[PDB]
Every structure is written in C-alpha cells, then in structure tokens.
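Given next, in structure tokens, is a single chain: the form solved without its partner chain.
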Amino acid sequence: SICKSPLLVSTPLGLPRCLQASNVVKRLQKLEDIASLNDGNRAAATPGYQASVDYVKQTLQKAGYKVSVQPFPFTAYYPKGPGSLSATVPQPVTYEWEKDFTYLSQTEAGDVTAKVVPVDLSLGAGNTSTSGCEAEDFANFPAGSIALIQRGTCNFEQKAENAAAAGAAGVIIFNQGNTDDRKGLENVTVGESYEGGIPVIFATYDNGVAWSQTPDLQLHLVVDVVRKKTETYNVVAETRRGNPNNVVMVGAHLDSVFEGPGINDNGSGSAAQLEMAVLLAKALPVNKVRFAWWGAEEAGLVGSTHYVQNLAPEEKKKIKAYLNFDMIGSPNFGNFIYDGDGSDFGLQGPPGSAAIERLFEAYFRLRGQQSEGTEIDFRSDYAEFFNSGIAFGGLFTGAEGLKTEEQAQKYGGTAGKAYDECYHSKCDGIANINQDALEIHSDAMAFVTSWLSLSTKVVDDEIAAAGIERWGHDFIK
C-alpha cells in the first residue's frame, strides 16, 4: 500500500523504509526451495540455476519490467574426486592430496606418467620468476614430459597453455617462494577460458625445489575432473524511467557454488536487489536504474565480465556507477564497505569510487552503526567495471576471514570465527542469514541507489577533478 507510492520509493529515506529484511527472507526461502528441488545447489549450468533465473525473471515481469535473459558460452568445470601424485623414478614416493599438491581450478583431467622437466626457474627469496611465461622458455622442451613451472609474473593459464603448445603432457606449477607466505598451496585457477588440453596441478614451493633437483624424476599424476562446454545466463532489467545516458547500475551474482544452496553467497544480494527492483518499479528516478543478476560468478566472474566486455563503447559510456552486493547476510557479520578510496589497502577504484564509498560510510554513520573498509582487488563482479574505468562501490558482511576482537566489539558476534562459517558449503542455506545485518545492508543499498538515481553529482565531481592477482575467488597468477 504505502510502499506503492512514488513519494516513498523515489527518495533515499523512503526506499529503505519500504525494503524490509523480512520480505527479503521470503525470497531467500524461495531460493532455498529451488536448491532443495535441484540437487541442493544453484550452480552455473544446473537446473537449480535455471530455476533461479526463472524466479527472478517472473518476479520482475510481474512488477512490470521487461527482462533480458542474456546467454553466454561457458565451460563448466567439476572436480569428480581427489587427485593423485607419486614419484615412480628414482624412488617410489606418494604425495599427499591437499598437502603437497592440489588442482588448478578449470584444469582438464588426465592420467600421466612422464619425466619431469623444469622450465626457466628462479629460486629463492626475492626472486622475480617469469617461469613459463614466454614460449622461448620451452625451447628444446621434450614433448611428452611434465613441465615443472614456478609461479611468477604471468597468469597460470599462460604458463600452462605455453607448456601445452610445447607438447607437455601435464603441468605442475609450484608456489613462487619469493616470500615466506608464498610457499604453500593456494586457491588457483587456469581460468574458464583454459584451452591447453592437459592436466595442471599446483604444488608447494619446497616440493618444486626438490623435484627440480631430482635426476631422472618421473611423476605419475592423476586429475579426476570433468569439463563441459555449455552456456549460462545473466538476467538484466532497467527502469523505463530515468536518463538512459546516466545509468546507475546495481548487480548481484545469482549462481551458487556446486557445494550448496548459496543462500548468503549470494542469495542475500540477489534477493535484496530483487526486492529493491520491485519497489523501484513505482519510483520516479532522474537517472535510469539498471539491475543485473550475474551468472557464473563462482567460475571466475564469467557473466559480469562477459556483459561489460560485450557492450558497445557507446553503451558502456552510459554507465555512470556500478554498485555490487555479494554476501550481505553473514551470520557473524562485519559492516564492510568497499575501500574505493584506497584509504585502507592502497588500491583505488576509478574516479567516483571514493564518492560512492563516502555515501555508504555516511549512511552507516547516520544509522549509528560502525563500518570499515574491505579490499577491492577484483574479488567479485565489479572487477570488469573497475578494469573499464567505471566508478563502483559496494557492501559486504564477510566470508571465510576470522573476525577480530576489535570487530566483535564493533559488530557483536564471535571473535575468532569466520564471518560466514558456511561459506561455499552445504550449510549455506536459509538458516545461514543474520537478518539484522541483511536489514542494515539492504537499507544502505536502497539509500545509495536512490541517492544516485536522483543525482550522480558526487561521482561526476570526482570524474571532472581527475581530468591483478585474483579474478573472483581464485588467484589467476
């Protein structure tokens, strides 16, 4: 009733009043029901994702929006079982899955036994290895061997594809070892676009050093995964009203990991943004508001990156600001605002990102809540907007990091536990939501979206004055 009036939903203090976490939770329950009917997940290239798309689309159509379901090619990747790695020559040694070695995400499967050949290594503290980054590194590389490659400088995908082009049967990339914190296993990917055709694993630095100095070494490596070329979808809609040349865009990825329902990650952002879009159907914005639900974020930001890269330059220039909402209901939440001004972590977003951050900061302060910065190093769907020079910001309640004592004093909850203990897990379901955090973060999403829908001047002022290790969850280099 009252929240159908343009006088409420058009303005920054009216829209949050109308956007209730309890109503967002009803949408989260629908996503939970979808997961339960579709093998327990809403992952890219699954019926659970398709049913999520259908729900978002129908909801938007019922609220009066035209909806664009935008397909894009997508190579799905699924680990089927643990990997194996053993030395056969000069002496039999069994290496330990998830201790000595792990998979590169998006690797091909394989079962390979071959001589191990090091490629352009530069060992030791402080090294600036470029191992495997240039085709010349593989001059005189014997086809059929396993390439032993050191992390450094360029993307894992480039190292592995260069090895494949030299006829390698498999690739072992070991951590760089230039600092003490770069010697263990890490979450690493060859990218959804990997086309090397051969298996690729990651190993600890010390294992790489020792293997590189073992004469006659042969390793037997088994990678048990499946890749499948298919497609997935973004869902895009925009208000009929508002300046089409000054678009305020909001996004939230709609896919989960395969491991679970993805209710906090990222049902929370998807559902809050959907409630906001439904409310904004009755608003009278000055600037057009565009809403995107991204596919395949968990595979390396594939949907959001595809959307931005495929916009005609004229269309890209019309997007003035991008706001990203990825995980905003964490049970053990902190109040995190993207650090667009680099005040905390030294990485600055494109001009206008500071103004967006300041809007979120001021809103949290007005509500009597504390907040703090979080990193913007290409961890979610703003990445390609950032890369394209578009001002951006966003909100986050925390994932696998452990809450600090100071944060427990500011936000409550439990110090020493993850902000979200069900991150990327089967338990990321309907119970894995803090409704107080969801309420405040949805309120702030609504306030800043509505503010910018009336005036982008704070962003425009910074644009006028002005004159990559990860890509999503995994490290690309």
Contents of the next structure:
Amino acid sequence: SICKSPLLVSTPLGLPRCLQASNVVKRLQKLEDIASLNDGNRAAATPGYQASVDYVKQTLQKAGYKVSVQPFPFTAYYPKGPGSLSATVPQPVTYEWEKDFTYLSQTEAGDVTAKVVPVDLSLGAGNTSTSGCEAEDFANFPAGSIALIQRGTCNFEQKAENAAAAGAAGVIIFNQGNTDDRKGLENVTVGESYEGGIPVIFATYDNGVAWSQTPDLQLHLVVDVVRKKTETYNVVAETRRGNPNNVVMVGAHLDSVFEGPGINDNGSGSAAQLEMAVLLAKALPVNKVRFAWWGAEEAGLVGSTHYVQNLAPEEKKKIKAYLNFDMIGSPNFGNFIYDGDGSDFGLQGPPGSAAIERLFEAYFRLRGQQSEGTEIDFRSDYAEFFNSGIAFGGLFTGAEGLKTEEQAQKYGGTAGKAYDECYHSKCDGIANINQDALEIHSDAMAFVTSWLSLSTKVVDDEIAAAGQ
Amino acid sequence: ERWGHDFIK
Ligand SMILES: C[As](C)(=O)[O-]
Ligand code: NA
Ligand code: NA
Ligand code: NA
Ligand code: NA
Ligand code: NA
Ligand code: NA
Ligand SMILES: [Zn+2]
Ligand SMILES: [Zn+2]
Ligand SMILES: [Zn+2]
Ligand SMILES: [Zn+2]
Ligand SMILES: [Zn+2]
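For comparison with the form solved without its partner chain, please write out the form deposited with its partner chain bound.
In what comes next, the whole complex appears, and the chain from above leads the way.
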C-alpha cells in the first residue's frame, strides 16, 4: 500500500516507481480475455468494445472516479469480401483484386456495370490534377456512368460525393501519377462521413491512364461491404483535485481493428493509462488530469474528433496539453517520441508541443536510453487537438515500419523486421507485447503526466513566446 | 494527408 501514499504518486519520479509493467500486463491479459469472449476483437460497435468499456469504467469507479461514457453517432464499415472489377466492352478483361484496384475505406456496397467517363484528368509527371474537385468538372457527365477520377488536390470524399451528386453509379479513383511513388494502390478512405451512396474503388495510375483512353469502355464493378449507422462511446474521467482551468489530458484509443484483439494497438496505451489513472486517484496534482479512452479511432479518429469538436469553447480553452499513447508495447520496439518541434519531419505542433517533446527526450536521456522522432501528421487521436491549437506530444514503439540496423543497435531486436509484425492482425494478442517496451514507455507516460500535473510552465512559456 | 490510418486525399 506504499503506492497509496500521495507522497509517491504525486511526484514525477514517484509515479513511475508505482506504475509497474507487470500490473499493466495483467490489465492487458484482461483485454485479451475480453476479446476472446467476444469473437476475437474489440472493434467499434461490437460486444468486445462494449466489454472493454465496462472494464475501464468499473476499474475507474472502484478507484473513486466519476466516469462519463459519452456516446456519439457512428457509421461502422466492414468489408465482407474482395471486390470485383472487369471490363465488358470493348473486350472482356478481369482485373486483379489488391493489384489493379482496392476499396476505398468506408465505401458503400454496390454492383454496377456502366460506361466509364473520365472527369477533368491531368496526366503525366508533375501534374497538379484537380479531377472531380469541382461540380463544374461534371458539366458533361451522363447520369448513371462510372466516374473515372484522378487523385489530386482535394479529398477522395469530395471527389466521390461530387460524382454522386452528378448522378454517377460508381466511382473509380486512380492514383495521381505525378511522381513515380504515386502510381500504386494505397490505404485510402472516403471518410466515416461519406454520404455519396455509391461504391468507390481505388486503382493504379497506369490502369487509370489506359481506361481513360479506351473508347466505349464499360466496367463491371462489385464492392462487397456493409455500412451500418450506429453509435459508439468514449470513456472520460478526471481527477477531483487540480485546477479545472488548466487541464492536462491524456488519451489512448480503446477500440481494436475488426481483424484482431488489438492488444498492442491499443491495449498497451489503454492499459498503461488505466494503471496510471488508478494510481493518480491518490495524487495531489496542481493541475487537473483528465483521462480519455477513445472509441472508433481505427475508423478515422471518430471518437477523439467528436470529443474535441463537441466541447463548448469555454471548456476547450481549459485543456492546456494533450498526451497521446497509441502503441507502446511493440514486440520489435523502438523508442519513438512525437516530433513536436518538426526537427525531423518538418511539421510543428501547436506552441508547447516542442516543450512536451523535450520533456520526453530529457527523461529517456537521463536514463541512458536512446530515442528518436516519429511523425505527427494526424495519424492518431491528437489530430483534432492539433487542429484546435492545443499543445500535444506522445510516445510510440513502432508499427508496420521496418527496423533499421542502427535502430537495432539502439533498441535491440531485429533489423529489417517490422516494429510490430502483428500490426492490425489476428496475432496482435497478449503474446505480441514486449514488456521492456511497456516498462520504458509507461515510465515516461507517468513522468511527463506527473510533471505537467504539477506545472505546465514549459508549455506556457512556448505559448507566450509564440504570441510575439 | 492522413486522418488516422488512411489517406483522405
Ligand atoms: C492506424 As493507428 C493510428 O491505430 O496506429
Ligand atoms: Na459520422
Ligand atoms: Na455483378
Ligand atoms: Na477540377
Ligand atoms: Na461528405
Ligand atoms: Na552492424
Ligand atoms: Na486503413
Ligand atoms: Zn464468430
Ligand atoms: Zn464549383
Ligand atoms: Zn492505434
Ligand atoms: Zn491501429
Ligand atoms: Zn523533434
């Protein structure tokens, strides 16, 4: 019960001592058990996610928190099988699923055969295509056709909804082809908010070129997915103690992809944060600490975005800093700190993000541990905080990227293998957790959260300097 | 530009 003392859990070198990786692992086992009892996933709008919410809520209530379970409307998307695409005119041709074409995430289902009509294309190296970005691009578009649209300038959602409003029966978006690396298939989405009502697929650039030059082309397009208008939930709790006008917020999404239990992504962040919150119940913070477990992150940051957008302006101004923990137990981990200062990738967070990054950096360095930057281009639940000008930072142990030889020297593990080879897969279970990674990153989570709970001055100083 | 896992444009 020594870690029930406020003297330990209130201070930045005390909280990490009391936040033990073995206790995070026990919570990870519980999430694993939950997934196993609910068909192997904890995905948004599933019983696995609901049972994860119940677990987090009950844990927080037993620690003395009041808990807000915040519902929001949500259109779930599930691909139910591979797509089909074949030419019927002028000649029969069968294109290959996941080589010539793929789904847009959040597309509607459909089965359509129709003439293919290119819309305002701009081909070739160095093009700046605006294909389909304006309703006027469809000036000569015949209703019922398949719109053949080039990637470029505006969102896929906008291209597809413009085509739908112009009466398209379906949409084929092909990669832009302005550089050699923008000619293949990619992970692309029309967004959870897509409402075009028609199917949308993505195709390679060279296929787009050939189709756009094929007189009388007709394509038979089949998209086998389900979208379901439903709801899901964020879980939010805050300390009773601490200044309510200077809130330190920490977040970790609680949903998994549909394909697996999501123990590293993001059981790891969820369980470390839950352990910290339980310990902080006894702390004496100067600044209020708010904890969020986000829903529907894997569908496009839906829960965290909804939370921020729905905050009254006066309440939004009270959040001084946001810390995001999304994947911190990677089997082949590296020590990645969000690149708030843009020193590695050229994107700066809102004023104060450099200070948060610097706090993480100094903590790893003090411990003789290596670290390096990772990108912050709206990849996780800080995104809407970023858009709202709120300072943020975070920790990451790596996902599908391949470990370099240097990083294996710095962090151990295997060069040329993914940081997490079970990323978004059935095998992302309890066995997919590296407890050294959990130890190192839950330590730093606790240190920086505790530090800011006592003083946000490092953040305040950058805010002040930015104002002049 | 990303918004989470996927490119939105
Ligand atoms: C695709 As992700 C931001 O849940 O690692
Ligand atoms: Na929605
Ligand atoms: Na068909
Ligand atoms: Na245009
Ligand atoms: Na829309
Ligand atoms: Na070597
Ligand atoms: Na994706
Ligand atoms: Zn089943
Ligand atoms: Zn217009
Ligand atoms: Zn994640
Ligand atoms: Zn993920
Ligand atoms: Zn940096």
